[PDB]
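Produce the entire structure from the sequences given, and follow the hints as far as they go.
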Amino acid sequence: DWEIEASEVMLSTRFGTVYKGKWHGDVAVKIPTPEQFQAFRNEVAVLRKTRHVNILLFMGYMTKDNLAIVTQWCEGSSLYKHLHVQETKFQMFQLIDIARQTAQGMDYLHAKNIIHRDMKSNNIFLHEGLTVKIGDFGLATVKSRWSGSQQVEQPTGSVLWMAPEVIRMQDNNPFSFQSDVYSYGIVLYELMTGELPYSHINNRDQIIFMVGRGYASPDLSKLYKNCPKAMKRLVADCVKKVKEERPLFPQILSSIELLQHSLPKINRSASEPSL
Amino acid sequence: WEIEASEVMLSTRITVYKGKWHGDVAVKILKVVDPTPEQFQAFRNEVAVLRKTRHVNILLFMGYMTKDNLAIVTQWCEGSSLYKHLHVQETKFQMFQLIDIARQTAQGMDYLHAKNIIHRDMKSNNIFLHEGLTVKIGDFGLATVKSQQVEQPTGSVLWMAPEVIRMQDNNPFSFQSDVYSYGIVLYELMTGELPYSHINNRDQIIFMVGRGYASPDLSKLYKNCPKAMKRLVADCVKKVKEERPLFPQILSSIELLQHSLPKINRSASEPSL
Amino acid sequence: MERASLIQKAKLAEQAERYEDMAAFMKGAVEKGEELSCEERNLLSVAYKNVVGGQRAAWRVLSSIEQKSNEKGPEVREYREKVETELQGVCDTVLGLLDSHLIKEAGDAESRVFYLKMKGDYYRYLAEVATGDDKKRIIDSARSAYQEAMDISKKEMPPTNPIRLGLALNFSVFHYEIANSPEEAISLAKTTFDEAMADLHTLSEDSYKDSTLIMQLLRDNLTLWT
Amino acid sequence: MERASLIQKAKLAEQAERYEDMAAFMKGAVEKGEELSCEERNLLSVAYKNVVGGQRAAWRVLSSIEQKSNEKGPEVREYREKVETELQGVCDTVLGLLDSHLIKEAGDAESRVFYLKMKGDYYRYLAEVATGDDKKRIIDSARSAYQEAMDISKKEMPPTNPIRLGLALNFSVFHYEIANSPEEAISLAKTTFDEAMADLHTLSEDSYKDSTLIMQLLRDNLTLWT
Amino acid sequence: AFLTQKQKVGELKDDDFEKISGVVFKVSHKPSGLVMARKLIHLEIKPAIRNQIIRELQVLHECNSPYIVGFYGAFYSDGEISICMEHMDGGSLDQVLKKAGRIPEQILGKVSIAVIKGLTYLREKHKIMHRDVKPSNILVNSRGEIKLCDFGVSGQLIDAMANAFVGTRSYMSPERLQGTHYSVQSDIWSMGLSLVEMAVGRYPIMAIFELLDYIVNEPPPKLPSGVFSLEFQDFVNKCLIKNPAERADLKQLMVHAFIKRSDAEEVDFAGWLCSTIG
Amino acid sequence: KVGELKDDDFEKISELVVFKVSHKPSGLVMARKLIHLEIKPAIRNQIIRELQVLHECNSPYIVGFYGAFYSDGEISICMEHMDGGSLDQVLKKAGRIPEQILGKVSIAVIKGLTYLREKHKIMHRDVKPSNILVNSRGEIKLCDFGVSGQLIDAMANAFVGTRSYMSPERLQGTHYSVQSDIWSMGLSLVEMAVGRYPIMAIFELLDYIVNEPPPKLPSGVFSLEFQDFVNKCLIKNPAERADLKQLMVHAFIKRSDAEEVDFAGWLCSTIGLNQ
Ligand SMILES: CNS(=O)(=O)Nc1nccc(Cc2c(C)c3ccc(Oc4ncccc4F)cc3oc2=O)c1F
Ligand SMILES: CNS(=O)(=O)Nc1nccc(Cc2c(C)c3ccc(Oc4ncccc4F)cc3oc2=O)c1F
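From first to last, the protein sequence lines stand for chains D, P, H, L, B and R. Numbered by full-length UniProt numbering, the letters in the first sequence go through residues 341 to 354, 360 to 376, 382 to 625 in order. Numbered by full-length UniProt numbering, the letters in the second sequence go through residues 342 to 355, 362 to 494, 500 to 625 in order. Numbered by full-length UniProt numbering, the letters in the third sequence go through residues 1 to 71, 77 to 231 in order. Numbered by full-length UniProt numbering, the letters in the fourth sequence go through residues 1 to 71, 77 to 231 in order. Numbered by full-length UniProt numbering, the letters in the fifth sequence go through residues 52 to 72, 80 to 263, 308 to 380 in order. Numbered by full-length UniProt numbering, the letters in the sixth sequence go through residues 59 to 74, 81 to 263, 308 to 383 in order.
Treat the hints loosely; a few may be bogus.
To be verified - Footprint (simulated), chain R over chain D, 3 or more residues, beta carbon under 8 Å:
1. 413 to 419
2. 429 to 438
3. 497 to 510
4. 550 to 557
For the record, the hints were derived by calculation from the structure and aren't laboratory data. Ideal Cβ positions, reconstructed from N, Cα and C, are used throughout, including at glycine.
Here it is in structure tokens:
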């Protein structure tokens with residue numbers, strides 16, 4: 341929970362490669383100017399209010415010597431690693447279960463008034479191969495009545511995954527529910543197709559201008575025909591260029607659970623079992 | 342952690364309600380028509396201790412219910428308790444599963460004692476095997492934080513300490529009572545039957561463990577795994593308080609026996625691809 | 001060689017997964033000419049269904065390779086008809102044993118149901134590889150044999166009989182795959198499931214468990230095609 | 001049949017799990033007489049390994065049944086001797102192919118050690134199913150095979166290659182199982198593990214992973230024997 | 052007349068009873091217009107053991123006596139066993155104790171005669187022991203009948219239920235508490251404590311373990327001599343011999359002069375109970 | 059003379081992410097450019113195979129290539145050590161630049177670019193002020209050009225890159241050629257000529317590039333030949349933009365060729381070193 345830990349943890353070497366620790370079991374660690387102190391305070395504050403299974407568990411923060419956080423050591427790899435490095439074949443029910451779990455977790459986050467702003471396939475950790483984890487709240491925020499007064503800062507990430515109004519910066523705060531909705535939709539896209547969007551362009555600011563003016567959308571033709579049409583139209587209307595047309599999370603979860611109840615099953619036709 | 346009543350609905354009954368709130372949950376609800384203030388006190392102690400619990404090996408908690416009937420909403424475990432598997436389902440676990448279960452519950456209780464909390468009533472009904480691989484510790488209705501006359505124990509007399517059977521000290525609960533209950537648990541899973549099954553009188557057991565005649569018999573434990581478990585289960589069930597060891601030592605013994613334990617019955621060679 | 005000795009050798013090689021050997025031993029044991037008991041019928045059905053399933057998976061793999069190659078050498082197709090001739094020979098010997106003594110010595114109506122169910126199934130496995138006029142004559146034979154199978158099963162078995170449910174699901178798969186009657190398969194499966202749900206209260210706990218292991222597959226298949 | 005056609009048929013078979021079929025196919029391909037490539041050598045090793053491992057598992061089950069029955078019918082002994090003759094025949098066939106042309110045409114020391122490993126391993130299996138003075142002559146042949154292979158490997162070839170690592174592992178396995186030499190087996194296993202751990206720092210990532218996949222097994226069986 | 056109403060009541064399932072009022083509640087069969095009860099005991103045991111339990115408790119149909127309560131049946135439903143039970147309008151004697159406070163001596167003699175007759179019936183027909191004689195197992199009606207209930211008919215059910223309720227009051231015999239041989243003398247002992255406890259209203263001497315220690319290592323309490331008759335004190339002290347060898351058995355209790363005097367007395371228990379209710 | 063390259067042969071000396085190392089079988093100072101990348105191992109093997117082509121590029125005005133490898137999950141390209149450094153720190157420590165040095169580096173960039181076109185038919189695509197390198201010997205050489213198309217497809221996701229110099233005809237997906245590179249060359253020249261951008309977010313920058321004409325230098329600070337040179341280099345339409353044959357015969361480039369400037373003396377006076 342709160343409080344300062346001590347030297348009981350282990351140190352390996354004085360974006361690196363490994364930061365794994367050992368304290369009441371295996372754990373995971375991250376990592382003198384005040385700009386780090388502000389973001390550290392915000393991430394400590396936002397992980398104080400995270401109590402759900404789909405999100406990484408936070409238990410401690412330590413301040414002396416270097417600045418660091420500790421969370422549990424997940425077993426497995428990121429969804430980016432599973433999809434673009436290993437290319438492990440996931441069956442249909444597993445994929446839609448992953449989508450349901452991620453949507454449920456982000457619905458809990460938005461219901462408890464948390465805006466993550468930076469959800470990524472590199473950030474979604476598939477623990478053990480069954481349950482997905484949501485983490486890396488270093489730039490997550492809590493909106494309020496005075497949140498529009500401050501001017502939001504630059505993301506400096508990968509340009510594939512922010513909303514057109516985010517990269518247009520036409521207002522003080524482009525970040526809202528619908529930005530994370532569009533991010534979850536493009537997560538659904540890369541989960542379905544299996545590749546990153548706009549593969550036919552090898553330039554970044556091309557993508558920036560090209561979806562900045564609304565001149566392109568990710569191709570829905572690459573979606574498979576065996577996919578249900580309901581989540582196809584869900585992906586279609588959740589990536590709309592208009593902010594108002596993007597639906598909120600509760601009806602997304604309702605549609606996903608209706609699709610779950612109306613799912614088909616594994617392939618072949620099931621003959622008589624050898625009893 | 343305040344929650345409104347309407348967004349949480351009951352679906353099926355298990362006391363315990365299988366509810367839905369951002370997914371399936373477990374609802375421990377107190378049905379008292381005329382709530383009395385010491386129930387409010389115990390509810391407040393439960394909430395206060397459960398707010399401070401953050402670990403992977405424990406049963407995770409989200410929020411509480413105040414209006415209408417009093418309730419506690421926690422996560423829904425998949426599977427069943429260890430009592431059903433060991434005494435009702437009789438599932439043939441293998442020995443590395445038993446060692447991993449012991450290590451996991453040892454880690455959970457070691458962290459829980461590092462928070463300086465006494466659970467006071469742990470047994471096989473309060474350990475949940477999530478997905479058949481991970482353990483979870485719950486039912487903190489009788490736990491307390493160290494900081500008056502103790503309230504009288506109410507659970508089954510098998511797992512509780514001989515000293516609290518002897519009710520001689522004002523507050524007999526300590527680390528070593530948890531250690532001895534843990535020792536009863538390790539007596540339980542590694543043979544699969546409850547202690548003193550040949551005796552079917554409750555107060556006979558109470559008196560015999562109070563006077564010191566009673567002792568769990570290690571005869572029915574198998575000899576296939578080496579004698580490390582034998583000395584461990586002998587040491588952790590000892591009657592005197594001071595000779596029962598502390599949890600870093602039992603952890604260290606667990607991984608020391610895990611470093612020298614093979615999973616192969618024969619000689620394997622070139623794996624055919 | 002003795003009939004009971006062949007039976008215990010078959011049980012031994014069932015425990016040692018040597019299914020073609022234990023199939024040969026019960027082939028001799030049924031060639032002795034005596035009627036079969038329930039567990040012997042179970043052993044026969046399990047052995048031949050495992051053998052046909054193994055060569056059927058091989059045939060499916062070879063057929064997939066051939067159809068992706070038909071978008077280089079005739080090795081793939083000629084090996085496919087080699088495995089197909091192996092399967093045709095195996096099914097021919099099994100059906101020969103059936104029409105030689107089994108279907109005529111099945112004095113018990115339960116044994117007649119079992120034998121007609123298996124023999125319609127073996128016609129179905131032949132129709133899985135047939136192409137021409139062989140297809141239509143084999144599917145007509147399976148149609149007939151299944152029809153009197155359900156007739157006698159409905160006239161003298163309880164509705165929640167597991168073999169009755171199993172022949173129902175084999176017949177629904179028959180319509181989906183080879184008879185091309187999806188609405189009739191769905192209708193048969195839903196009527197059998199719902200009337201089984203009406204009659205589920207008449208069984209003991211183990212018979213109900215054996216029925217659950219069939220209704221779960223039936224529900225899965227109905228959600229699969231509907 | 002054409003040689004590369006037989007290789008492609010063997011690839012079709014290993015993705016169609018027809019192990020006796022691939023064995024006969026490359027038996028024809030090796031009776032062609034030409035020297036083989038590394039991938040063909042790997043395919044033959046794993047395929048006859050699958051075959052003789054299946055017969056070995058069947059023989060172990062039958063030996064357990066016979067030793068439980070020898071505390077009432079010679080059927081168990083007859084079936085055990087029948088599958089023993091089957092294993093002796095297939096091992097003699099593999100050894101005959103080897104001493105016919107493979108060990109003579111093995112020019113490079115890699116395939117030399119590989120074929121020595123093969124014929125020593127089939128000596129090991131023949132000795133596992135053998136008993137008597139025949140068994141001691143067979144283990145003498147297996148000895149000579151293993152020391153020749155490891156002499157060649159140690160003279161010309163670095164420790165971290167998987168064929169040498171598996172040869173040393175099979176050396177210790179043969180000592181512990183047949184010669185009853187646990188001290189020698191443990192000594193060779195730990196010495197090979199230390200040499201491999203010393204020499205692994207000059208390898209690529211995939212080669213390092215392929216080595217550690219069986220360094221895990223070496224650490225495991227050293228743990229098992231200690 | 053209890054058997055002829057049983058013949059009018061056939062198979063009994065979960066749905067056709069309605070809740071009215080271990081735990082004990084009350085049902086009533088709507089067509090027959092009869093008032094029954096049911097006993098709900100929760101266990102966590104294997105289904106084969108459950109079938110053993112139900113086959114062991116089917117024997118209770120043969121237990122028919124004017125001093126033993128009636129048996130209806132039992133069935134397993136909703137993860138629990140429900141034992142169909144004849145309703146007793148007057149309730150157990152602890153509620154009567156809380157209603158009144160003290161019991162007249164003639165009532166004590168009548169209920170002592172009843173429990174002695176019940177123990178002799180159980181030993182002469184089923185040759186078993188009650189093992190839980192206590193005021194909660196004594197039931198009375200407005201008709202004036204006194205019958206026993208809640209005895210160990212199934213030893214496997216004893217093994218099952220032995221891991222359950224704590225026990226605030228103890229009515230235990232020291233000889234089986236020590237672990238020695240037990241007989242009807244244990245039931246006579248527990249009858250002695252139960253009778254004196256419901257005669258004076260409380261235990262004259308706290309945690310359960312020290313009560314067990316007091317039962318083991320201290321002499322049992324005795325009534326003052328100047329309150330009641332000396333024959334009553336002699337009777338209860340004959341009931342209260344610690345060593346069961348000299349503790350009197352059923353025949354010496356039956357031939358005791360107190361029992362003969364109380365049987366010679368004519369007491370209107372039904373009228374007194376109706377006056378207590380109103 | 060340098061053989062196969064391994065990580066044990068390199069010892070860290072300093073940082074230029082670019083490091084400075086040395087090769088202990090050779091003893092020469094070595095430039096160590098490291099970049100993080102995540103793809104399947106077969107793809108990076110293909111990348112290594114197609115960057116083996118880097119051996120044959122040899123010119124006085126291109127930085128020499130020595131080898132490459134893949135180690136510790138990190139793709140490693142090696143660079144010849146370039147002691148004078150890039151022009152970014154040169155303009156940082158010098159503020160502005162003389163026009164004569166601009167003519168010299170114009171000579172350098174056109175000669176290197178024509179060499180690349182006539183010997184490999186491969187353009188640069190990243191002519192940046194940071195990518196132009198100078199030394200104490202006065203050699204101005206190119207680097208980091210677009211040789212391996214799969215490598216552009218690899219890192220195309222992230223560049224940090226708050227400022228861009230990419231041509232308008234490359235925005236709308238139209239045909240792209242060397243006109244883009246010489247346009248970016250004109251931007252680089254005017255940028256270090258004034259020392260700033262003499263006119308803030310990335311989308312507004314690219315919006316100004318696409319929809320507004322490029323600015324014009326004041327006449328009183330530069331010669332008319334330089335102004336006509338940059339005006340021919342800043343033509344928006346690539347067809348009207350003058351190609352290489354026009355820029356090799358311009359009056360300004362002939363005046364720069366006829367000039368004799370001690371640029372090596374100027375740079376060694378700027379860095380303040382005694383060789
Ligand atoms: C300090 N106690 S102890 O340790 O000695 N244990 C035990 N002693 C004695 C008994 C038992 C269990 C028992 C119980 C609980 C029981 C209850 C009701 C019942 O229904 C009827 N009862 C009488 C007449 C008609 C009926 F329909 C049958 C029962 O049968 C039983 O067997 C014990 F566990
Ligand atoms: C808005 N433009 S864009 O979006 O198209 N991005 C890109 N454009 C073009 C290219 C690239 C990547 C690139 C990089 C950075 C690169 C680096 C070093 C290298 O080795 C040597 N180089 C020169 C001399 C000696 C060498 F050893 C080859 C390289 O080759 C490359 O291709 C881009 F990312």
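- Query: Do three or more residues of the region 429 to 438 of chain D come closer than 8 Å to chain R, measuring C-beta to C-beta?
  - Reply: holds (count 5)
- Do three or more residues from the region 497 to 510 of chain D put their C-beta atoms closer than 8 Å to C-beta atoms of chain R? holds (count 6)
- Task: State whether the coverage of the region 550 to 557 of chain D by chain R holds or is violated, taking the criterion as 3 or more residues with Cβ-Cβ distances under 8 Å.
- Result: holds (count 6)
- Message: So is the region 413 to 419 of chain D in contact with chain R by the C-beta rule, three or more residues under 8 Å, or is the coverage claim wrong?
- Response: Per the Cβ count (0), the hint is violated.
In summary, the one numbered hint that this structure violates is 1.
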